[PDB]
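Read the single chain below, which is given as structure tokens and is the form deposited in one PDB entry.
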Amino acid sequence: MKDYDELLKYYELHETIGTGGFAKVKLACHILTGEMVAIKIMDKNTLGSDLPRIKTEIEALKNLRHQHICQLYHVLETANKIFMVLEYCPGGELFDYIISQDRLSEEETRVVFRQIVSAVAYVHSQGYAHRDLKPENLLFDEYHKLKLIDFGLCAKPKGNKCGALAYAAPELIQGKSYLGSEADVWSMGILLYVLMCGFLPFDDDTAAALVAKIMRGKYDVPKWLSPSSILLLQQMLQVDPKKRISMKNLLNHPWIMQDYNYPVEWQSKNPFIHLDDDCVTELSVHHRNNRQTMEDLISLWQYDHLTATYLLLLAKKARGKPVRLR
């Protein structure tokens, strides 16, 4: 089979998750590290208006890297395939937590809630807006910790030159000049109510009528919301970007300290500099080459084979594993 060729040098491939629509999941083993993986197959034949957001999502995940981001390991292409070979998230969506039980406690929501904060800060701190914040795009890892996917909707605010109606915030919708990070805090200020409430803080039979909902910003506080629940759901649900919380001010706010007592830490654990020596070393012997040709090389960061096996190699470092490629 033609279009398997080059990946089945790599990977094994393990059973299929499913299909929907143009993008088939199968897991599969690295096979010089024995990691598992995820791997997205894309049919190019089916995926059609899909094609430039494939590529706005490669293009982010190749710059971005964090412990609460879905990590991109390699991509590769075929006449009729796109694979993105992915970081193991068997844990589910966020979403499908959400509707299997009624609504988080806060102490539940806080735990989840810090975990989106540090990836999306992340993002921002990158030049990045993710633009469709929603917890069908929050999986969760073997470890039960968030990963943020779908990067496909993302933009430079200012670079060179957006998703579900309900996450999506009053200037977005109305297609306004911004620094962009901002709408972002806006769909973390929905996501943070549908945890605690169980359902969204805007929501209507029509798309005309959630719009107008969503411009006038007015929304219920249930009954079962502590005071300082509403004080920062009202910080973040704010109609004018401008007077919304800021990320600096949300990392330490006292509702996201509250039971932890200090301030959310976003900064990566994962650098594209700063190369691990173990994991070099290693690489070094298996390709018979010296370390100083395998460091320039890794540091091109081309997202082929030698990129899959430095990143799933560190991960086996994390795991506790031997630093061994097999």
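Positions refer to the first chain, counted from 1. Just so we're on the same page, rigid core means the largest C-alpha set that superposes within 1.5 Å between forms. First, how it differs from the form deposited in another entry.
- With the core held fixed, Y303 shows a CA shift below 2 Å between these two forms.
- With the core held fixed, the Cα of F22 is displaced between these two forms by 2 Å or more.
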Contents of the next structure:
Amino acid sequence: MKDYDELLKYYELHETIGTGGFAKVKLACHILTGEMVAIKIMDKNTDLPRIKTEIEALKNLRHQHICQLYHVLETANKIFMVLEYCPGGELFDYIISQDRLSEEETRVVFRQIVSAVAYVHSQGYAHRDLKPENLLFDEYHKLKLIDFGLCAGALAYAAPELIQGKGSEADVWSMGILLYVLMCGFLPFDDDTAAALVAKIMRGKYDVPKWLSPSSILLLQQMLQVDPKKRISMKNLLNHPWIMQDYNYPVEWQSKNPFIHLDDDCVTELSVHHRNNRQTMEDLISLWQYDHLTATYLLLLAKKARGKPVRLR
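Having gone through the form deposited in one PDB entry, I am curious about the other one (the form deposited in another entry); can you provide its structure?
The following holds one chain only.
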């Protein structure tokens, strides 16, 4: 197949592992690094603006809690997105397998969600589709935010002002719904029709189960404010008393994953693969075209970060 010729120069394709925005996701191996990847396969003959908004957000976003874009390939009838492999499943799966999570367990997970969304917002974006299906665990059981198809969703996770049509404050409401579903195992607003769900969201009344601590209840009232001018700010969420209870330091949201600083060990290994001198290699890396080069650089950087040698072939 001519649709897979350029792909298979770079990647050893494995089995179907899932789904991403109606696109199939397959396991693969990046050949040069030996590193495992997720490949999202789009058919461009069978939601094209959604694909392009995602790609363009993922080109500008780079963070420890955002599932990394490595490589975009485009053929006759296909778009391939080479992404960070998350074998740990969805946060959805995790919620439904236990009944809910304990307060201590959802702090661990929720501090990662806060980190990622605080970073998204600092870049001038709102994700506009925060939900547990859209968070995946990596090999180290750390959350990675996916689905950037809406940018700057599920009705149950949508803010009041969003349903009215009257942008980053709506994400805080969506993290509130998330906080609740984690500790409860059910949504705070749920109905059999869309109009009854909408009316529930507009009222802002929800059950407070017995097992919820007063600290949990306070944070939920601050995030699940129907008035977005009354909603908790990102600033005050970061060092909220609930957020800092077992970790007496605020959420570190700032990216540890740069666009500007280049790892010298990776540049010298890329130079020996390419047969060239630095500054030709750095200038090439710094272009960030989301081609085989950025894939290999970022996966060499991920190889180095797991302790394994910063080596190619």
